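Before any questions on binding or motion, here is one chain by itself as structure tokens, the form deposited without adenosine-5'-diphosphate.
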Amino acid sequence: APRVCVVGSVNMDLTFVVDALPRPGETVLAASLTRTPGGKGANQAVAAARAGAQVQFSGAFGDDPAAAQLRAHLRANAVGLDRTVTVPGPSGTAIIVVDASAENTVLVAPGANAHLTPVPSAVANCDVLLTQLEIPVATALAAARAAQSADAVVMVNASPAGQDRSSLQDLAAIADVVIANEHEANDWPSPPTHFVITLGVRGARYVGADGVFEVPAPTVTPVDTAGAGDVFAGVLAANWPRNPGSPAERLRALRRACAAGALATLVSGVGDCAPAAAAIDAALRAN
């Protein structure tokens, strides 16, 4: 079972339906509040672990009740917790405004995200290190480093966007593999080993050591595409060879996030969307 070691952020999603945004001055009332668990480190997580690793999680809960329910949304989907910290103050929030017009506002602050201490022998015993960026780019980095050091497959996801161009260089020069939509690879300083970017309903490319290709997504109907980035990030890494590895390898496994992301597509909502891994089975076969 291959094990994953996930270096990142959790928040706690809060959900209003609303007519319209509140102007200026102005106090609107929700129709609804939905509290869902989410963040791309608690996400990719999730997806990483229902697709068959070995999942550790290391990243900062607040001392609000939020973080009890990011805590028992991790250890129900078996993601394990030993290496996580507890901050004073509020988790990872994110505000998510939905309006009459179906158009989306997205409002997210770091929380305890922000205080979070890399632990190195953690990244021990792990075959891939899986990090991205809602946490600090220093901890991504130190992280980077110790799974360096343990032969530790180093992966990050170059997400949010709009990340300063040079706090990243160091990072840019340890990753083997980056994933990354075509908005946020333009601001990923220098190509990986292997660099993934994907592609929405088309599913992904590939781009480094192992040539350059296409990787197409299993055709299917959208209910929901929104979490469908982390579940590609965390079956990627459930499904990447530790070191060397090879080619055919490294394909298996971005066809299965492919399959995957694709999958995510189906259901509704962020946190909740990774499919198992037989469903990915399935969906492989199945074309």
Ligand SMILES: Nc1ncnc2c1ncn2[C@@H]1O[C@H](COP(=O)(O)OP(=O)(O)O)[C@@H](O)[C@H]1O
Second form
There are 2 protein chains.
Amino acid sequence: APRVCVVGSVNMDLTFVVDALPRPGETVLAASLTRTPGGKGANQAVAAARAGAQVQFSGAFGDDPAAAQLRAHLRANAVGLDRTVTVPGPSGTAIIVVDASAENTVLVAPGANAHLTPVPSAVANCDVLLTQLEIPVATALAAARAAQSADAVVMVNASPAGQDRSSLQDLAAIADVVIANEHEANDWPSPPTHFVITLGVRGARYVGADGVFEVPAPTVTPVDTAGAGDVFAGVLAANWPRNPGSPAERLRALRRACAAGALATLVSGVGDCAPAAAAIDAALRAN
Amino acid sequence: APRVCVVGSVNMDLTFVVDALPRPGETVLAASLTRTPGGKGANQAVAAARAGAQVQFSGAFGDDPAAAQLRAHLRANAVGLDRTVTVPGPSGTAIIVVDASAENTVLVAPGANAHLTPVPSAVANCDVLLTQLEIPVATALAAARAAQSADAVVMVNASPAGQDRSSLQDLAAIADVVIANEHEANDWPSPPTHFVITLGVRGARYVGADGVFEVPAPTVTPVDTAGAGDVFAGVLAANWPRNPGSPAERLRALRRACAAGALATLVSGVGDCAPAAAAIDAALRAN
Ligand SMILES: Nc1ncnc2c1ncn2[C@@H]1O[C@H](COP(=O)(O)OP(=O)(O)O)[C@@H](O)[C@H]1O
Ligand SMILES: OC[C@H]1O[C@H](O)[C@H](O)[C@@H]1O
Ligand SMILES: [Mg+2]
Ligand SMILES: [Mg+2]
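Got the form deposited without adenosine-5'-diphosphate; any chance of the form deposited with adenosine-5'-diphosphate bound too?
Every component of the complex follows; first up is the chain already shown.
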């Protein structure tokens, strides 16, 4: 089974349903609050594990009750946690407010994610390192350097967008595979060996050492496209060939990631929408 | 020492500092996040206790880890808890967002607070009942009727606005004192004997049996306005005379509440910003 190390963020998502956002100086009561584990790194780790990889997650948890729910989520999804850190203070937290006109207003704090420090021994004997931009760039870069030493593929999800360009140059230079949507790709300083651009409904496109090509996604009727990007990245990591690989093996990985991303749109929420390897196979058979 | 009974809410607060408050549809990255005990009722009880009152709190805690921290916060501030209850499920959660101008918004998922039913001896042996509207209005109303039978002052912080109109009308019919900002005051059904309308930095406006006048606050450079209204209310409760009361005693309570509210804006944080009685005295001396 492929071995994947994910170095990245973990957050509790607090979803409040309200009539309207509170105005300055106002107190509003929510109809409901629902707490769900999330974060790019955690979601990608879960997707990788469900897709068949042996996964180790390195991330930082807070000292709050949220941290125990986040660890429980990962453990229940067969994600290894021996290389994680605990830091005093809140876990990463996202507040999602859904109002009467169905607008989603999102407020994010890094919390413990901002204090994630490298664990190079986590990459030891991994085939792929997968990281994203919701942890300190110095930590992502150090993980990528460790992966380089260990002959593991450096796979970066260039998300979220809007990061300082100069801050990403060293990481861009070291990345083997970069995964980005079209907007995110524009904020990435330089192209990697294998540049994977996700295209929502259209699947993905590739530009790199293997050529230039489109990778279609299966046609589906979406319920909720949230979380599909994290599923794509985790599945891509679970299927990307260990070095030096081949074009056939990378193409297979791409097809599987596109298919898994499509499947993920069929399920509400971000945390439980990752398909199993068997469902991915079936979705591809069905074409 | 005046005996203040607070019947109201207790929440764990997640306080986020931003440059600008998020607008609908927006995603915003917070500068900082703290997790601290609060809730309008808890905050008002703490402020009344720091201002020199002997305080009892009646409120509903959840049966969760948060509740231990919330209870300890109240005990640490000399607020009595023998009339509190534990209700199944989560303690309340509030989101406080504070922008560059020190303005704030508050969003509350009341949790256990929404299930507070009238506790028999909640208002036993008090001089002033202070209540707010995150708990059921029918529970506030029951406390008010009990307090009034024992000739205690009925003092209502009419926040949040938009609660159960029929119960509100019954509560409004009997309230001695209502504390509200201008928007909240507009929503309140009918005028109390003493309508105290808070005006942020301009202090407060009074409308009622004593006529119509304004009471200024000390001029300050603000840090965080969140929590200051609860400080104003708790200090007002701690200084309000027994019924029918004299105009001079009421004016003195208003002056002290205005000063304490101003002082409360000098401190980051919501649940821990109430000044000591001596600080209130000192700020009034300095004018
Ligand atoms: N409507 C859709 N139909 C089929 N596949 C989709 C659809 N939306 C997303 N996907 C899949 O998910 C991947 C990433 O999609 P994206 O829309 O970026 O996800 P997110 O909503 O999480 O940003 C795509 O490459 C694609 O495989
Ligand atoms: O007035 C501020 C308070 O309102 C909400 O009840 C929050 O818990 C916060 O502590
Ligand atoms: Mg989904
Ligand atoms: Mg304050």
